[PDB]
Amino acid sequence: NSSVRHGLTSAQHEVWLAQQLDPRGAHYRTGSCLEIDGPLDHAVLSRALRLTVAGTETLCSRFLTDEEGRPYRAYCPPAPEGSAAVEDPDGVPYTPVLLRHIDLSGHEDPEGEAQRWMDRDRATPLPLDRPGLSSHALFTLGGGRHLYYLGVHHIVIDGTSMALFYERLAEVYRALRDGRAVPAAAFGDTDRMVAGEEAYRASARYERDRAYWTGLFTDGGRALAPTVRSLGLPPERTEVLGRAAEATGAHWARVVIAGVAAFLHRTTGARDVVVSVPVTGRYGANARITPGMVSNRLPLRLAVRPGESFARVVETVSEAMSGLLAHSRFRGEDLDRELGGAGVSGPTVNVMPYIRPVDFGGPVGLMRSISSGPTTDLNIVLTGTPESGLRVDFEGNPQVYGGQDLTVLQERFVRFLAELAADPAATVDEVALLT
């Protein structure tokens, strides 16, 4: 069962090939965290983690190569709770499971020290040959506030899977606390998901999707671990996005994307603005419950003229998205290759989907991004909602932006964005932009 060689997803193959260029590099170390408003029992949480991990195949996997140099995924079960985890020199290695406990209460700046710790951890390489490609840490920030850090290698966990992990973790936690039997892990099968992709790449649908994207683009550097600047915005400042959505009839995420497009137009003055958007990569019941890495990104060609309202820009986004979602299965990476050069670049706008407050039986955890992945330019990451407040993270390529560049660009973008949301009828050229 540990001998079975599992196939990688298209997204996993991409990460593998890009990782073989810089083995020691930590460019694919990603992660998120849960801000928890109440005290949690570390011992129980450490126990719930092992149970959660054991039920999550992708978190128990290592990556190796066969006799052809081709990569494959190997399943390495974790040791039982309380076990000494004794390994034989020629036996199957256990998947280590560790929930670090870091008590930062009573310190000068708990939050800042925790952030420095997380940035330090994601700078650490995570060899694929070793099982358990994740790093966990529970911070105590005093005042009953905790912060759970989830660090991973991109190849095992995507954005969607982070949420799945969190909800499962809490589910297990509540079980052990109530003394109830732990609910059966309702996770999917990666093999079937992989087969689903293979079947697709052989279908005539793949040809039409590729044709659509190629023909749409028939007229800079390496992807690196981004420097991250986060900005917390309270509901008092984010509700306006919700009202812009209500008024324009578009989902608030479309409003943010239009905001970015308008921002790029104002700063660069380019008629045709390109902005990439992530897509789930999960098609079918099985895929949508199978924790792993199948995330994907596709470019939006947005034509923007200054003499048009913000509402019109919003429509242009929804129209372009219509054509994009109709061909979502096609890999953005494959598109960049068939076109050569630096491919289709520009900022990536990732408005993460709603995640219900993770309930630990009283205490509640809110998810916010630490690093969504490497970029050649910029990643704009949002979490939360217009009603409950937002976390705006600017993730920039360190060769393009500096920490201070990101903070400035981020600030003037949020002010500009809120300025647009306030009056969607206003012309793009007239909206106040801090320079």
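Residue numbers count along the first chain shown, from 1. Between two forms, the rigid core is the largest collection of C-alphas that superpose within 1.5 Å. What changes on going to the form deposited in another entry:
Core-based superposition between the two forms leaves all of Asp272, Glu319, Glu87, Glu198 but one with CA shifts under 2 Å; the exception is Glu87.
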Contents of the next structure:
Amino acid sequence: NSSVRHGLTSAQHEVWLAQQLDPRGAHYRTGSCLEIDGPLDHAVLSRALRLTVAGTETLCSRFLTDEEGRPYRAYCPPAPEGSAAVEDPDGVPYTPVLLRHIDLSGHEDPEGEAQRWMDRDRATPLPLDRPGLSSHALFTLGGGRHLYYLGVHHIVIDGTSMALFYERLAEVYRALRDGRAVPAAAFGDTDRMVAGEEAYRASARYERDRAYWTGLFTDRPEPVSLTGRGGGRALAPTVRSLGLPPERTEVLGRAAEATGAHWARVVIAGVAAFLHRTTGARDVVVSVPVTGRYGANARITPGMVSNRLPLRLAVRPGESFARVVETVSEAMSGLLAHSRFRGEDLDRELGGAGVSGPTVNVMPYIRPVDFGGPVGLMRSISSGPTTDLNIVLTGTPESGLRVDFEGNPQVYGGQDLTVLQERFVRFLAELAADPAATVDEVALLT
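We have the form deposited in one PDB entry; now please give the form deposited in another entry.
Nothing else is written out below except the one chain.
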């Protein structure tokens, strides 16, 4: 039973291949956190974590290679409650579960100290053969404020699964504090999700998608950076984060209402317009993440199935910002209709450095996490490695946003990211304030 060999998802397989190239690197360490506005009980939250992890297969997994050098996933339950043992009676390693408690209340700069701690953690390798590929810390910041850090290996947890985890952790915590029965985990099955992907690869639809993507990028446009460079390996990013209050972000909501487009499309159009104005390029490429989750089971299965696809956009002279939004939606229609095809498979068939642009990741709405009084607001710490730039947004136009520019350190210094980020957010807001305006005429800061 413990010897059941689980197949990897497409996303996991690609992470595994990439990791092999730099076996002891930490470039696939990613993370997020919850900013929590009220006091929590660490002992109870620690028990909540043990229960949560036990019910989350991906967080109890390790990865090994079979006799032919092919990877597989192995499920390793945590130790029994109260046990100090680290391997089971048959020698199977137990998934460890540790919630660190780091009291920074009283330090000169609790928030800055927490960030430094999280950066140090993210730079720490997590060997794939050791089960429980995550790292958890509860910070006490003072004023009753906390920060819950979830660090993971990319291979076990994607953006969608971070939200799944936080909601489950809080649900268990509330139950324990209340003396209620812990609601049963409602997570789906990874094996079924993988079987779904295999079913896809076996269907005629696979070929239709292959033809669609390859045809769209025959000319094999060279990936370009905002900097002029110059791309190489995907590396852990330098992250610069900017908070924008509702007074600054509401305008995105108004532009969405006016154009009839979801606000994420407005952001994507904004990035396209910004690239156009920066480089003069008529033909711009941005890359867009999709969840890779198809069907009810997939939607509730913590894991790594995320996909990344190239969005090719023509920005023509005289076009209004509203018009660019329309171009984005037309391009997205095609992308979504062929979303099952792996971005990695497309690059592989095109050769070279593949096709890509800045990753534009507008995270889906997540309800504030309720710990039974205290509330947790999620923010990204690092979304993953990049050959160039990831642009990550969390929040909504109404509630305010966090904008993270995550740059490959061989391409950007932190100060470069700060400068580019500021110019972008101001330009985006200028565009959003009047979508009828001509893109080529909109004010762009030096």
